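Only one chain comes next, encoded as structure tokens, the form solved without adenosine monophosphate (AMP).
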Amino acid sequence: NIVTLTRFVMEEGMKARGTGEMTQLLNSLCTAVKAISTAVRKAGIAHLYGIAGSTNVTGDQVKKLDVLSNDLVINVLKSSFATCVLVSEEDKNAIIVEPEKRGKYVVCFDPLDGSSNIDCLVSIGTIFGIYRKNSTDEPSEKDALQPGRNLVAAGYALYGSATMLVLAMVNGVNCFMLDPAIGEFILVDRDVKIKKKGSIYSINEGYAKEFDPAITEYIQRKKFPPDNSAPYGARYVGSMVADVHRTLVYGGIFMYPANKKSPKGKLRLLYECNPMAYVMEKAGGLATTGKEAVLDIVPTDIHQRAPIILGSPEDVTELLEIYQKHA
């Protein structure tokens, strides 16, 4: 049995005696992600560069990748009839779905993450988290302000050497490779579980001067292991989706701690940190800010940042025991 993601979600829904909305919702995301992937890989770029004389559409229009990505997600998500509140990294306000198309899901998303890496063609991705609305009020921003602990599903699509969609739900984590030949996601790793302990550490050490004593100490340990074991390898792609995906698949740890330009860290809680934390923990990993569990923070700003440290349970706890020691 080849498992497609379309089959997988539908079977999931039929297990849960669902109304379907979530199936429709996840089918929408899949469509959006294939469309984003096709654009990310620059399909049709000959037309931008004049293969048919320009002409074509009459008056100036063209989109950056990030704008298209955002358009696809929002339109695809609305079309689902499964959502009521959308939080995109690109919209300073929560988007409230028009009643006609209103469903019960709230969706926080980064349509295209890793923007520093777009122009150099490095891996970038799409990140999403989904809540059920838990109010009877008019859907509004407040419905997106839930701790990540309430996520019913989250994951990301990585547009890398190949395109992979990682979906996490209450039961666990599954990876589906996009076969772009047939536009189908194929389950290739069922019930993914991160190694307890890794040998890779991923952080932007350019901020060394701004790190707290606890990060600084952990980093020296990765380099000069006190047990005089082999030092960890370093990897930082610079696109959270690639770096997090490699953490998931090879183990190790990823850090975006606080530093002065952000004391609250850089990464956004609702649509960067939370969905990654939910995937990590569903895979048997950890995601802490250094002081508290990421998924337990009750947000009060849909764009608030959080520091995040995530990955293998014994790497992350080793760091957390360092914070615990210094405090």
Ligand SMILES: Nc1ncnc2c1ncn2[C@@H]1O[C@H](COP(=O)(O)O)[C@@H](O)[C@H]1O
The other form holds:
4 protein chains.
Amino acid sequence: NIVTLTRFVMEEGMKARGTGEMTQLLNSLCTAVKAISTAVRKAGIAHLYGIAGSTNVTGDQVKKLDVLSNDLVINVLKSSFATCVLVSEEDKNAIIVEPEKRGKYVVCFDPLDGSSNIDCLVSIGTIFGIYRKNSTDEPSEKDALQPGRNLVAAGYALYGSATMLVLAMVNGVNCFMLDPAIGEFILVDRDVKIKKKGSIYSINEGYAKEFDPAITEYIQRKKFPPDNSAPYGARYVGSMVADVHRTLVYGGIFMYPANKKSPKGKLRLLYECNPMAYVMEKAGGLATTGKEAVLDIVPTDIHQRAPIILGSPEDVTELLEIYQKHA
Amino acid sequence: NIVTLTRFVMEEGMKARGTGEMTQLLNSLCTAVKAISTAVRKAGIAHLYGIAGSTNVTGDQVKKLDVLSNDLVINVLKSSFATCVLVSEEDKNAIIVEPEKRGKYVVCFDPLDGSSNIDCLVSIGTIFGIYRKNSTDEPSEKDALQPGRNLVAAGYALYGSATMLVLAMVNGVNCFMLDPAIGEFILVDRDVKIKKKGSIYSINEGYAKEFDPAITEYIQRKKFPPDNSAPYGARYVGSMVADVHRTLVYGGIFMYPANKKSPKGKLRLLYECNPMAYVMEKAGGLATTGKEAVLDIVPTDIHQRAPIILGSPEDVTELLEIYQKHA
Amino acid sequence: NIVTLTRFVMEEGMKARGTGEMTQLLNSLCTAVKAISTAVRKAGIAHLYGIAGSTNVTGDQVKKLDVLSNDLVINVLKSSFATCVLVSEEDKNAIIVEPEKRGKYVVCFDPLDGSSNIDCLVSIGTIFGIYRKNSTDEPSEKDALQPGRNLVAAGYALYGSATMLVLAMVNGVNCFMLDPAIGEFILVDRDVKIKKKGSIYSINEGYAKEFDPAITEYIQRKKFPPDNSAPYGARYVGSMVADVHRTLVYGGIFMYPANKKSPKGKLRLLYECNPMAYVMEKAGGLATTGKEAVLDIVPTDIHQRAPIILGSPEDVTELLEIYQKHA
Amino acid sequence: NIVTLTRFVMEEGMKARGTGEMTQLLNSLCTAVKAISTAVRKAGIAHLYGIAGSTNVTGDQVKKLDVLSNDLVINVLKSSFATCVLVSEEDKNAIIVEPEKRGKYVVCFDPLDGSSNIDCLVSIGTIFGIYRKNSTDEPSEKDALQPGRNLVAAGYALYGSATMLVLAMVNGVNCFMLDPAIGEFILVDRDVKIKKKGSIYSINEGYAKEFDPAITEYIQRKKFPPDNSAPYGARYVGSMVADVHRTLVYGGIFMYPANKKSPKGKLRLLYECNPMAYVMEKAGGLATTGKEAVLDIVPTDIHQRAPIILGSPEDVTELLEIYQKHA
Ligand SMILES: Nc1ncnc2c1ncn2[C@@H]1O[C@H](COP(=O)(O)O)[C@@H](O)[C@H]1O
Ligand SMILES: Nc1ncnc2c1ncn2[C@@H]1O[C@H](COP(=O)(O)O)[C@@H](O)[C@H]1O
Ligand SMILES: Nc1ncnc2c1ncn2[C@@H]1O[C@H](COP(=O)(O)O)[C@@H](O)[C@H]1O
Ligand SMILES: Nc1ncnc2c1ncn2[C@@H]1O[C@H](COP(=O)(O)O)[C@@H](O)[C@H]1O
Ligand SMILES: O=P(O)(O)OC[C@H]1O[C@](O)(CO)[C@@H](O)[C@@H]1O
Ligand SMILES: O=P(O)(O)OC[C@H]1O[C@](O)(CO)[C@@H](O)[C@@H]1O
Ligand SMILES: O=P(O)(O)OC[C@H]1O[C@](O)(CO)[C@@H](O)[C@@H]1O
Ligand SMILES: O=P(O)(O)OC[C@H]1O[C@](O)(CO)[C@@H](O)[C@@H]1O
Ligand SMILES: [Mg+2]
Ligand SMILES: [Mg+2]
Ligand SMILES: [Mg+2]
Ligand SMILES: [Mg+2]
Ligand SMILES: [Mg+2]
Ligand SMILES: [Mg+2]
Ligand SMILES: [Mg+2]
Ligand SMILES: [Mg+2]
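Given the form solved without adenosine monophosphate (AMP), corresponding form deposited with adenosine monophosphate (AMP) bound:
Once more the chain from above appears, this time first in line as the rest of the complex follows.
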């Protein structure tokens, strides 16, 4: 049979005996992601350039792809009636949902990732993490500060050569490809497992001068293998979603470690590291700061950063072992 | 006003007093590229996964994007009545158009570029160069062997977050955005010039062990600038058309130099290097093998390879100076 | 808030305490209807006309819009795991669903209605009726022979100037408009109520010579009102879905009564009359053969026909009263 | 081969040795019509119903399809640099193009026709006629007053189940299907001829009480053919472009004769009757007021009305004979 994202989530909610709130949430996400894909692919851009004159906004307003993404996600999530607290990359403070629209889930998200790659048309995406509320207190920032291990669902949307949504939950990672002709996400890879060992490494080598000793040592070894085999190939798109996705599907390792300008690391823990690290773990892969598991860090700031190394298990441990050795 | 690719092409043909055969040719090229863009974004993919039943072709029974792209290009172009010789990365021999469909142009193209990036949904593209057939004798493969200096037009379509067609001719380089809701390319950026000096470097460092010393030295300055300025950032998508286009839009440098497994460079002279050098040049940048201008190479095989270094003029110039210095 | 069809059905299944089987069914229908809309609007027709040559089917096969509709519906319904018996306009015998895919619902449908209007591009649609299985016996034709009053859900999809799906269930009729850019049905009219009295009548007057006395009398009166007011306007598209939809939204009356060639009437009772008559009743309108209510006819043949008059209550009763008088 | 509207238009312009200004004009017209088609099908309608929030414009604050259509037409056409005078159903006065944008053509159009059918989702269309400006004096409204006999081109886009553009010029009538997945019109039916005699009649019979006796007699023969052949079928969509196009494709007759509330007929000479008569004539059919050819009327007001009878030659001829007979 053919499986659509919409039938998959519903069949998994039925199996789980869920009241449906989460199903409704995911169905929301799936609508938000299409809305975002269409905007990213520039449908309707002729109207910006005056195809029908300029009568159309008497108001002075037109939205950055960034702002619009954020609007779509917030409104679409709020509409699902399934969330109490949202955390966006774009808001300094957690968003507490009005009581009349309040459900039991906490969503951390990057509405659009890969922003240095927007104006040059390289791939970008959306990264999301879902938790259930613990407390019985009035929902607050506190509810979003959970460690990754606690995620109920996570994944991302990539807008590349085509659009793909990847969803991880307790029983695995599935990839669904968007068919833009009918607006339906089609299950295309089931229960995805990352290769033990890859042949690609992905890091911004422009910080070479600022890497700690173990990265430097590891990078060296990718380029001059001591066993004299073939060097890993390099790839670094510049968009976390794209490098992470290539990593899942081809294997290899992706790195964003601490440097001079970011000594805690660049990437955000709540709506960048955590979700990607959850996906990576359901698929049999690893995600470490180099010192601890990423999913085990208990955050204290919704916008806190962390270094991350993620990918194939043999490659990431190879790197961990360099760290262990150096210490 | 609003300027669609169709009106631009037509008006430029009218100004140059063309007979209309080149216009017809770029019009075809514009249609080819929309049909590839839709296949790339996976429209109607639901039919492959049995939405309307008859599941019967599954696994790898049916036609890869690469092949479909090639077909669209060959068939759309023959239909313009403007070509006599086509050379495609995907065909071992030049294609000679039937007399009843012969026009005066030669076209070299890479129907779909960045094939290592297809399965992982990274940006992919189509590259093209157009030549005016000089000889009066029977059209043939040697017709496709002109130096890049001779191009009448070259450019590319990037299938990225959004689809863009970049077209260069004697009077400059223009960027057209594809609005997929109306099937129209919209002129978005006009008479583009690349900046004098960028701060991004693009290369596959996996090959670090194979690099010549100029290349090696140059990477060093990028990471450890002797004068202690900010180090360059690295970006390498793995798709030529994506790396090149970022390089045009953002400035900086792109390299695929010679290595051991590729003593002549990996990239193809006729349908990757030439068009890209032409675009880069008409934009105010440089394209060199390290020793000579790409566009002046005298091609002897239609699938010949070359080393290619391109982008911001000061960046390429600094690298040429390292070459000269290293005898 | 904005309501999508997908969120609406799910919110109504939650309210109803349904296990979800029906929700899954409707979500299926909604996917089938998009798939159908895209095909009807001719996306991809360039491939039929050879945009990429003719390499693409080595097989001799291409589908009528009619056959393809039917494939989409059957397969999509079967996939919902929610149906046991389907009745199609296109199959002489009821379709009994395999046990491993069997649920509790019976669906009668016209995959595409308005076929004399296909080749001239006039509006066409899809008409569906859903029943719950009564028996505990092995599902058979018998399960589909229920009177209309027994419907659980009904509606239709119109593909006109835009695409609209109309859905009626116990608590009303709602219209959702398809937004083809994101593939989502958007609630656009809520709890729809037909006007008491309209000013349009819709019948094929070419059979004038074969109408019974009451129609003739009623038509006369629409054209020469005895109270000397303004005559009704005439409209007859030729597609039941379109004339029925105009009827719901503008008011008026639609007629397909018995004639020489069809003395039982043309339209099918199970997947034409019944569904339209259910919609018409939830909206406060009437549907009569002229002698009995349409929804109260207990069918004995899955393909049985019946005359129908439907529409605004004052207009349809006005017609009934002529019948009553003549008898 | 495959023939797109863009290549047809270009090739016909090349064969006729045009300067390219008319080509540019039909190219614009082709783009106008795709942009209307997408607005008509409701793409991005999700934004109007607050999907990305900011619900603030609701009810009837924002721009009706009719207005958007008009704007697209005026702006796309001025941008072609090929027009000097435009007349639109939606503008009280002719529009005179600015000198810097003046070309030599005059265009009369009905940006969106079948407005009674908009809210009910029935087929709607755009009608156009193009004239060559004869006078050397300042361009003005009288420039738009040529008889239909003078048209260089006329035709229509039908927004139906699928979108089709029908274009007629001196050398015949051609049907192009719009493939909305690539934004290309595909030549689908070439050099169309309407059949000699059809079996469908199209009229609003609601006006039966106002009809002249020729019309009245003619309807009678249609329902009660004196020679006892099969009676004609009736079809009346309520959108001129839909009724007319069915009439071209299927044969038969279309009438909007004079009535009491419309002593001169309702339909407009310049942008409904003229173009349609021209298409019908170039197809081998007839277009008459009942007494004279539509195309020979000498228009005195740009919004003048006329009675119109068109379609299969033998059908119109029979009706003219009834006119003649009734003195
Ligand atoms: N659609 C679904 N897919 C996977 N798990 C679900 C789904 N719905 C509910 N569950 C599981 O059931 C729990 C409670 O469900 P709910 O009653 O929908 O809030 C969730 O937190 C999930 O672990
Ligand atoms: N659409 C166009 N845009 C720019 N230059 C053109 C165009 N068409 C023709 N030309 C120039 O005029 C030459 C002859 O045109 P053609 O007769 O179409 O081959 C070409 O080689 C171009 O240099
Ligand atoms: N999505 C829904 N919308 C409206 N009614 C529903 C829905 N789901 C279930 N119901 C009602 O519940 C009955 C049994 O539901 P189910 O358990 O889904 O087969 C149906 O036959 C409906 O009357
Ligand atoms: N694309 C075209 N298709 C058919 N005829 C054309 C075309 N372009 C020009 N012509 C004919 O040539 C005349 C002058 O062309 P132009 O110089 O473009 O105004 C027009 O009035 C048409 O009769
Ligand atoms: O240019 P840099 O410092 O490598 O940063 C790249 C990272 O920045 C981000 O845009 C921050 O979100 C990531 O998507 C990406 O991996
Ligand atoms: O993996 P490598 O050796 O860097 O090759 C990448 C290059 O290869 C190509 O795919 C050759 O087509 C280019 O698109 C790209 O720049
Ligand atoms: O031409 P006739 O006899 O009026 O039949 C029209 C009817 O035929 C049908 O196509 C039969 O399904 C209906 O959609 C439509 O109302
Ligand atoms: O309702 P009436 O009087 O038949 O008018 C229908 C005619 O009116 C128009 O809408 C006038 O634009 C035509 O499209 C159509 O043929
Ligand atoms: Mg962001
Ligand atoms: Mg981010
Ligand atoms: Mg290629
Ligand atoms: Mg290539
Ligand atoms: Mg049917
Ligand atoms: Mg039918
Ligand atoms: Mg109009
Ligand atoms: Mg009109």
